[PDB]
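Peer 1: Given next are the chains, with one letter for each unit.
Protein chains: 2
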Amino acid sequence: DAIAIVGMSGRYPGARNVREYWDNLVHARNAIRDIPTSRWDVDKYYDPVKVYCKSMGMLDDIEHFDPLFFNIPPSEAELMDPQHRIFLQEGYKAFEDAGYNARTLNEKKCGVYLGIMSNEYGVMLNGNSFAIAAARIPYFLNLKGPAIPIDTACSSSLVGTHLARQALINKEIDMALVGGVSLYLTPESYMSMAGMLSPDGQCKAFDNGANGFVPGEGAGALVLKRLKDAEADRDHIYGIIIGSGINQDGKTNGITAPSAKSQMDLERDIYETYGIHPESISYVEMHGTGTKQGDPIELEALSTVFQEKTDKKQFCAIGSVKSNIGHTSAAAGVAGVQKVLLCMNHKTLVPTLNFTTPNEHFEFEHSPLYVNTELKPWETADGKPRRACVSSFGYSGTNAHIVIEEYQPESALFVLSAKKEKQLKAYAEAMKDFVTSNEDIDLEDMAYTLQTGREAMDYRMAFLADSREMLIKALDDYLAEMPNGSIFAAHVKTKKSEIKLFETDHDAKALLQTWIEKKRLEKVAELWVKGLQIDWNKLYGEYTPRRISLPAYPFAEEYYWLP
Amino acid sequence: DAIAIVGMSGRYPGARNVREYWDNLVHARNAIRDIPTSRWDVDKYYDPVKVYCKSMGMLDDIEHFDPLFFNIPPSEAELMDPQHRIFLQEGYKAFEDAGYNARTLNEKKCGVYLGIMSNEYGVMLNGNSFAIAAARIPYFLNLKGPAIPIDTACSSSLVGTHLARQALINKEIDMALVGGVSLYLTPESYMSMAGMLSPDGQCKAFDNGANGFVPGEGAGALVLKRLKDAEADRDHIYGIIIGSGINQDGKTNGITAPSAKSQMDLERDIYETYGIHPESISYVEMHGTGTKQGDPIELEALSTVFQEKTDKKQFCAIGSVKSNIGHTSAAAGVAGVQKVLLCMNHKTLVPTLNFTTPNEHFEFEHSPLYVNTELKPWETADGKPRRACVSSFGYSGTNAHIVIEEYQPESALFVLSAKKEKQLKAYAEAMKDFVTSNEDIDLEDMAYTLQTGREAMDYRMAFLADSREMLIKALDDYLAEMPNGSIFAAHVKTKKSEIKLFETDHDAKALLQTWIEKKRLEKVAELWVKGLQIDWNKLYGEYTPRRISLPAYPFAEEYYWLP
Numbered sequence: 003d004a005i006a007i008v009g010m011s012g013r014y015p016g017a018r019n020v021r022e023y024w025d026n027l028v029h030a031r032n033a034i035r036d037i038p039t040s041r042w043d044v045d046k047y048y049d050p051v057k058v059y060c061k062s063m064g065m066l067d068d069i070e071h072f073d074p075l076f077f078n079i080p081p082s083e084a085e086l087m088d089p090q091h092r093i094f095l096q097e098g099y100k101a102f103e104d105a106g107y108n109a110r111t112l113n114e115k116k117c118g119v120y121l122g123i124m125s126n127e128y129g130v131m132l133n142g143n144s145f146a147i148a149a150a151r152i153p154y155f156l157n158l159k160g161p162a163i164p165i166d167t168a169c170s171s172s173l174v175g176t177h178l179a180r181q182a183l184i185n186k187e188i189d190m191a192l193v194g195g196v197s198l199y200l201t202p203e204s205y206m207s208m211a212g213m214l215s216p217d218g219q220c221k222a223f224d225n226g227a228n229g230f231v232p233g234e235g236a237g238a239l240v241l242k243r244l245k246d247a248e249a250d251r252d253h254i255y256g257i258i259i260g261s262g263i264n265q266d267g268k269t270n271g272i273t274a275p276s277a278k279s280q281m282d283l284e285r286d287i288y289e290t291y292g293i294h295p296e297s298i299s300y301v302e303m304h305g306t307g308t309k310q311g312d313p314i315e316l317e318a319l320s321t322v323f324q325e326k327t328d329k330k331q332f333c334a335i336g337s338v339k340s341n342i343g344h345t346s347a348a349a350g351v352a353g354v355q356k357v358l359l360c361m362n363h364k365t366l367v368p369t370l371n372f373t374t375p376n377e378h379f380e381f382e383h384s385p386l387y388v389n390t391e392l393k394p395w396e397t398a399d400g401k402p403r404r405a406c407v408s409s410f411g412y413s414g415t416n417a418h419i420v421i422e423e424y425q426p427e439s440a441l442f443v444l445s446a447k448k449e450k451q452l453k454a455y456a457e458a459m460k461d462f463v464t465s466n467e468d469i470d471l472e473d474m475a476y477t478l479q480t481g482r483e484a485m486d487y488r489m490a491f492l493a494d495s496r497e498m499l500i501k502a503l504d505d506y507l508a509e510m511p512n513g514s515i516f517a518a519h520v521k522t523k524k525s526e527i528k529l530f531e532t533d534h535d536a537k538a539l540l541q542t543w544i545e546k547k548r549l550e551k552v553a554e555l556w557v558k559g560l561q562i563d564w565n566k567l568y569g570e571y572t573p574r575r576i577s578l579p580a581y582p583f584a585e586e587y588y589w590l591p
Numbered sequence: 003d004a005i006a007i008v009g010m011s012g013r014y015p016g017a018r019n020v021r022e023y024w025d026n027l028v029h030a031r032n033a034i035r036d037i038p039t040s041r042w043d044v045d046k047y048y049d050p051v057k058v059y060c061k062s063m064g065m066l067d068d069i070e071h072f073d074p075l076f077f078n079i080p081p082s083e084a085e086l087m088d089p090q091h092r093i094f095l096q097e098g099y100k101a102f103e104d105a106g107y108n109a110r111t112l113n114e115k116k117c118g119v120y121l122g123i124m125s126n127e128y129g130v131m132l133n142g143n144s145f146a147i148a149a150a151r152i153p154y155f156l157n158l159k160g161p162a163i164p165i166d167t168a169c170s171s172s173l174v175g176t177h178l179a180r181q182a183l184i185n186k187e188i189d190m191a192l193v194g195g196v197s198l199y200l201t202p203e204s205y206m207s208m211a212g213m214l215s216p217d218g219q220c221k222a223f224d225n226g227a228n229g230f231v232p233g234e235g236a237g238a239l240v241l242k243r244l245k246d247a248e249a250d251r252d253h254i255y256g257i258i259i260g261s262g263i264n265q266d267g268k269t270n271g272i273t274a275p276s277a278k279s280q281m282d283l284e285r286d287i288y289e290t291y292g293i294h295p296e297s298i299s300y301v302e303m304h305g306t307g308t309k310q311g312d313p314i315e316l317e318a319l320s321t322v323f324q325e326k327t328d329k330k331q332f333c334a335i336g337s338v339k340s341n342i343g344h345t346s347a348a349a350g351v352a353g354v355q356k357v358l359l360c361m362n363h364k365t366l367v368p369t370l371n372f373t374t375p376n377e378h379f380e381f382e383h384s385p386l387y388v389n390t391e392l393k394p395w396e397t398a399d400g401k402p403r404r405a406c407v408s409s410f411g412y413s414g415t416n417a418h419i420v421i422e423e424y425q426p427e439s440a441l442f443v444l445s446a447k448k449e450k451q452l453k454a455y456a457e458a459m460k461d462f463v464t465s466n467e468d469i470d471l472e473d474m475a476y477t478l479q480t481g482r483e484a485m486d487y488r489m490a491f492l493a494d495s496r497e498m499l500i501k502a503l504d505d506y507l508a509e510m511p512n513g514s515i516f517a518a519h520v521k522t523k524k525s526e527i528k529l530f531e532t533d534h535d536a537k538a539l540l541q542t543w544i545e546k547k548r549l550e551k552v553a554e555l556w557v558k559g560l561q562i563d564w565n566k567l568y569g570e571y572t573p574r575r576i577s578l579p580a581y582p583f584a585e586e587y588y589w590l591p
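Chains as they are written, first to last, in PDB author numbering: chain C, 3 to 51, 57 to 133, 142 to 208, 211 to 427, 439 to 591; chain G, 3 to 51, 57 to 133, 142 to 208, 211 to 427, 439 to 591.
Hints may contain errors.
Copies of the same chain are indistinguishable here, so a pair counts whether it falls within one copy or spans any two.
[What the hints assert, rightly or not] Calculated pairs, BS3-like style, for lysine-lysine (alpha carbon to alpha carbon, straight line, at most 27 Å):
| id | residue 1 | residue 2 |
| --- | --- | --- |
| 1 | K330 | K528 |
| 2 | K401 | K546 |
| 3 | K528 | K393 |
| 4 | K329 | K528 |
| 5 | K450 | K46 |
| 6 | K61 | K364 |
| 7 | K528 | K448 |
| 8 | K393 | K558 |
| 9 | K364 | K523 |
| 10 | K393 | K523 |
| 11 | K364 | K393 |
| 12 | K448 | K551 |
| 13 | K364 | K278 |
| 14 | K278 | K329 |
| 15 | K546 | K326 |
| 16 | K524 | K364 |
| 17 | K393 | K447 |
| 18 | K448 | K330 |
| 19 | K523 | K330 |
| 20 | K393 | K448 |
| 21 | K245 | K453 |
Since the hints were made in silico from the structure, they are not lab data.
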């Protein structure tokens, strides 16, 4: 039936994670920049009539990777497509976002569906096949669900989402990691213009001045489960997918042209099959690439299908995050789904950018659709959950469309760990920022997530806090190396002898069990950082706190590029 | 029958509007200047025996346009012939001069007849067809009458006037925008000398030293209606067209030579068809280009036709504004008509320039005609309305001649608005200058015109005044941002919540309606600036004021040229 999204991770232009992404969206920030010479020299390719676009939505530090984390020899990292490397990281973090770790994922029937559409790095070099790109994560985590890369161009990650959905519903897999990744590494590939790109370097979605898209880079991942499992497993749930479908344009006027009829059929068939009334939908994240003939066709299609079922006018807001971050290609779908989920979570609609005058080829006034350019509350009538759609169409003519519905649910011991001390320090910094930024965090939930929802790695710290302020201070004290009697830290490999007593002796174990039983945290803390395995479940009696979203592993930022 | 001229707008050398035009004419100012290097370098083309003229009647700021006002993307502005852009502005302003706005013009059967004769910008670039030049305004305002460009060279705008008149009389349209526009952008075009140009750079109309014309630039528009409609609609009326005709030179000695016989026939046929006696005419705005063989032929023709009917001598003044502003080509006719209307309105004849000694080939003394070189009152006998003619002849041999007759008619709340705040400030400045210059302005008429005869746009200010002095001070206060409790100003998009109450509630509406009916102007003002729609008609009971000519929109002065 319904598919729960229980984890997410994202890395987009101007946004190192989905929290920065959200902030950028709320503040209507445009992340498109001029392409610097450190990528390539636009002056050597630029002609205004060769490339006619000099702008891109760029990721930062596309060369950074933590190969040791993934048991990859540093020398192999130079030979890896950075698309592979970045997704490997973002995929992993999506799992951690959900609160799953290497231990809990081992041998899971989790499918991996990865949107990817370019080979630039592999060619530059003359390991890097699409088949291997998808398989990295399964290999690393010992997952057992199929690993399939999807190249349907810009619809790729949304196509992957559909396929994962059908596999989960058919009970062929019990979890799915779906994602996309797109980089533009060469003048040659970003180049193909074929007339596709805007000379101004903006996706002017819905606007009469729409004249092409600006290429964007990105990597995103979602963790999907059957809703029934997600609730039984007490996952945190971002939203549910209640309908999806894919189809083809077929014969168009040129293989890259869109078909109004196919878009309508796709949308109609989904709504009919899954019993979804257009009136119930209040936002659609359009494909919205800002092409002159594409935009009006998408608008007319969607408008027409909505109007078949309702006379209501201007109830459904439309937007496109491509106005913010550009056209992130294989990652477009996942970028859009993540926007919608963040909107739902915050019950907030955010501005779509670059919209001055409506596309002349479409009349909004008597449409069910309106372009939202405001930061405003996302209103819902009565009890009803918010519903939104995401569309993604590819240049090869393979379309996708999904429907998402908002999910309506019915002292603590903080522990951190990393594979190196430097990353542990980075982790503490990330947690401090997170806690500083989120004044309403549930402290018991957060600890519980750190305990059960992260792998205990070799470098460890832990501390007690009963308040946000105490929590922030502890992390400050840790970072400043300023003495605090409630902070404990150790490298596990150093402390083996100091722990053995609690691992082998029967009454020491009984004492440890009573400590965890008779509620003492300082003692549990000291032992934990030294490497003692704690049974975290015993810490909780009648009341068990829930996993929540926290910052994921802060990978080492080591530079690797062509050998 | 009679055609009323109910709106005008003009932009000529030395005159940004028809008010500056009038001032220049009254003061016998010559607007011809040496061609600056910012246009082209005359030294690179100049040969005295190549160009042999270095002078031009030039428009200022031919590159300026406000594309956002017209819902045109800024980048499209660079690709538009400035002839199109300038006429789009003047044409619009003519409508506003008449007191008509987008709302009142929507779906109107208004024909647009546009004099235009050159393509320089389009060629320079290698949207810019004559057909599109004419269609710009209809497309913007949603007019439904035919949109036709006319290229009969120099007679163009007068030919258009004839066609509009006939369509109006035949009830095919209910309004007409007629105009012309000419620019001289290249050395090549302005160049064609073909022997046409004066080496001295003056149009020496009627003078024995006449030796060619000096090219001038210009853009001018008129608003025409049937007189019966204009009186029923309570338009303000500049004058009435009581006759017009067009014909051809046919076979001449060279296709650009004039025909005495054709000019006589044209004039004779018009006077006979429409029952106009030459004795009733007291001024003729001649084609008067200051060419050696052209001038005497025109004089002899007109003199002969007049003399066929009367023995009276030297009763009809002749002149040519080309002596002031040069030969404005496609806009020549509208320039001439506008001069005559202004003369009529002020009951004043103005000097024609560059006249020292009469052309030897014509004897004035026993003619009905005399050259007026004086600023003097336009005298009329008995009750009789003043009558004048305008001639315009083209190099292709298509001639035009119209007859115009003087029209003899049987605290306030000031509101201003623009699409940007900067233009609002420019609007207030223009109004202050206008009121300062026009000491006799009817304050009630003016307010009424601002209320009913201008579109309420997004940036608003309003105030009360019961005198000219109070009005001027209010505007000064607004401009100087110095506190004045009777001044209100808002951006409408910002205030939506503060207005909704008066839009939905039944008793609030009844209060607002009572306010409007009891003339509670402060209250009406505060609400209007915030975006509340006011039914202005309710402000007026037994006495309704009349629309008058006021300054029109002050377009943003943004520079656009070749991409």
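Peer 1: Does each hint hold? Answer for all of them.
Peer 2: Status of the hints after comparison with the structure:
no., hint, result
1, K330 to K528, "between (71 Å within a copy, 19 Å between copies)"
2, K401 to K546, "neither (44 Å within a copy, 48 Å between copies)"
3, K528 to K393, "between (58 Å within a copy, 18 Å between copies)"
4, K329 to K528, "between (71 Å within a copy, 21 Å between copies)"
5, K450 to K46, "neither (41 Å within a copy, 40 Å between copies)"
6, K61 to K364, "neither (36 Å within a copy, 62 Å between copies)"
7, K528 to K448, "within (23 Å within a copy, 60 Å between copies)"
8, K393 to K558, "between (49 Å within a copy, 21 Å between copies)"
9, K364 to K523, "between (48 Å within a copy, 24 Å between copies)"
10, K393 to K523, "between (54 Å within a copy, 15 Å between copies)"
11, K364 to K393, "within (9 Å within a copy, 61 Å between copies)"
12, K448 to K551, "within (24 Å within a copy, 68 Å between copies)"
13, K364 to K278, "neither (33 Å within a copy, 68 Å between copies)"
14, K278 to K329, "within (23 Å within a copy, 70 Å between copies)"
15, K546 to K326, "neither (61 Å within a copy, 48 Å between copies)"
16, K524 to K364, "between (49 Å within a copy, 22 Å between copies)"
17, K393 to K447, "between (42 Å within a copy, 24 Å between copies)"
18, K448 to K330, "neither (57 Å within a copy, 29 Å between copies)"
19, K523 to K330, "between (68 Å within a copy, 23 Å between copies)"
20, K393 to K448, "between (43 Å within a copy, 24 Å between copies)"
21, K245 to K453, "neither (38 Å within a copy, 63 Å between copies)"
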